[PDB]
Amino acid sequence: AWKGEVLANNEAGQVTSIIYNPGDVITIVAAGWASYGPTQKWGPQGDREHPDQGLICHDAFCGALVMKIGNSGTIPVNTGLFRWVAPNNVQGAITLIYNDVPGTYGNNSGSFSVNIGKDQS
């Protein structure tokens, strides 16, 4: 299992110790407060009122927690995933990333605290 912080300004993302393998079931829980620029902060579902202006994940709001598994496209995490199985052919190291527009991470602040574990399978 892995526990760590994902900084909102970390454009490259936070690599974890989890390698997602075919058949794995995982659970993620994410908590905390972060911002994509404003003084206000939002939780791991991000800001439901902010327009998508080129987010790395178009299936989640700006300021949401997302992930990549190996060389996958981004997958929403939001507050977490409960006993979750990846799509077919998706495997590799899990990297967690704050959802923002490439090149605009510099004014970001805060972080999410995230737990990932593998479940029975």
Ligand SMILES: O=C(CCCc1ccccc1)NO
Second form
Protein chains: 4
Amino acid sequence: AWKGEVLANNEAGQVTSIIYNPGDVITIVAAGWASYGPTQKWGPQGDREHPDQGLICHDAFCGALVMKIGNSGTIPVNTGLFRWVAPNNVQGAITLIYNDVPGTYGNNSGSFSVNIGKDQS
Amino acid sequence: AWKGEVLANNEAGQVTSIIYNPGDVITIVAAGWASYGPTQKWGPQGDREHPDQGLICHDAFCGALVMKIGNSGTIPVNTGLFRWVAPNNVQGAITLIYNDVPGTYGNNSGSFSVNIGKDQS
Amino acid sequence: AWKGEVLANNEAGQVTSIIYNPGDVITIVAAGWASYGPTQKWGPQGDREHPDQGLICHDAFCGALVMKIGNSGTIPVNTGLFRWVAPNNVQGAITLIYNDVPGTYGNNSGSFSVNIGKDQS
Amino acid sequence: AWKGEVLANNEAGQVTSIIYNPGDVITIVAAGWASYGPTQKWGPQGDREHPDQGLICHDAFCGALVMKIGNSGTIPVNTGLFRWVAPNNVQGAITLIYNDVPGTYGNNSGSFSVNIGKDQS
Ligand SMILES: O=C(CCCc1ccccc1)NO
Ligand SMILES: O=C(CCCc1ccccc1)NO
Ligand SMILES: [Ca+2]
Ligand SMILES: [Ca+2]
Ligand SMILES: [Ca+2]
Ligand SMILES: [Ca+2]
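The form deposited with the named molecule bound is what I want next, because the block you gave corresponds to the form deposited without the named molecule; please supply it.
And the full complex, kicking off with our chain again.
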């Protein structure tokens, strides 16, 4: 029920129309190519070779797709989530974000194409 | 309803328990790191810079995840398929395969973790 | 998903654990046999021949299954709802209720078995 | 996936476009009013008070909704089936049928409105 693009250079991330409510089961699929600065591109799992120098999400590689649900901290998405249920006390609008160091989004390029849907529960 | 791994060095691929029937809607999500020979690894979209020297799937990069449905030709999966329906006359077990040149799977390493489910239809 | 029973004699109805949120798609199936007083029994559509003498739901027959979502007005359920979205902006817990005139639940008998699930959206 | 009507007077029943395949989960909801001969009408559970005089389905009341899957024996549907899986070795097109005595469908009237969908598995 949501399809769109998340730009690697967008520090604020892309607000979706999906409101995660308690008990919701969701599926995410992410595709595409992006860079956090170097003259190469990576998919939605990012670059396993790059050290973490203050990423917004310590549980995903630099250049990975991550998300926030309302005011949650960052949650790894990577290539996507299969029939996934959030931790207790997590709810609200899903924001998709490119995993980088705050203040370093200006040299980023490319984007991921993302589908999000609610599953049966 | 199927969860598993597909080994990059398995030329025959991983035959799943999912039988695709006409009208079925499926979702696939793939994650992980694999190599077609080099010391680097790539995610399930593969290596966008490697030329095609006789890949089993010409519509996906070397080192991408692809599939067959029964005895179909290869179909790109990459990071996954969101609520996907097959063409007419495509039916049978889903086989997941690492995209490489026939005869060259021996120097491959790593695997993709894959979830497949049938959706509402 | 929720499975349970609503008694025809319960003016307060049965509060379920299903929270209807905006955009939710739900499926309900209701079965069983109940009476609003007469010696006969009706299924969850109720008695199409009995006049409305002040039913809690004017859009369903006497002895039908109806519901509230949070503090909404009554909504007909009857035998159930197939991949149903609320026509109004309503939200909150689903309460199931037997459709009868307030203060006349004392001569009611029987019950409906009800399954509620959220569908893909 | 399928929405339509089954006439009470149709002895052959109504063939749907739903092919039940092994492993499939289905949901059916049925509504409406029909008769096996009397002036009164009943919902999809039929008439609890009418004796079985050789019904096509001995496990449902006269005037109930029943079905066959391919050439299976009759299976009770009544008001519907919630996330239901068939017994082993039952496969093929779903035919919906009004439960009556063979040869006695000529005096029947009305119809049930029926929705069938495949659920997640
Ligand atoms: O923008 C940054 C810091 C520098 C990234 C970079 C490293 C090597 C070559 C070019 C750029 N992090 O996201
Ligand atoms: O209880 C009522 C009013 C009376 C309905 C009734 C009619 C004939 C025989 C017994 C009861 N409304 O639900
Ligand atoms: Ca950067
Ligand atoms: Ca190789
Ligand atoms: Ca009453
Ligand atoms: Ca008859």
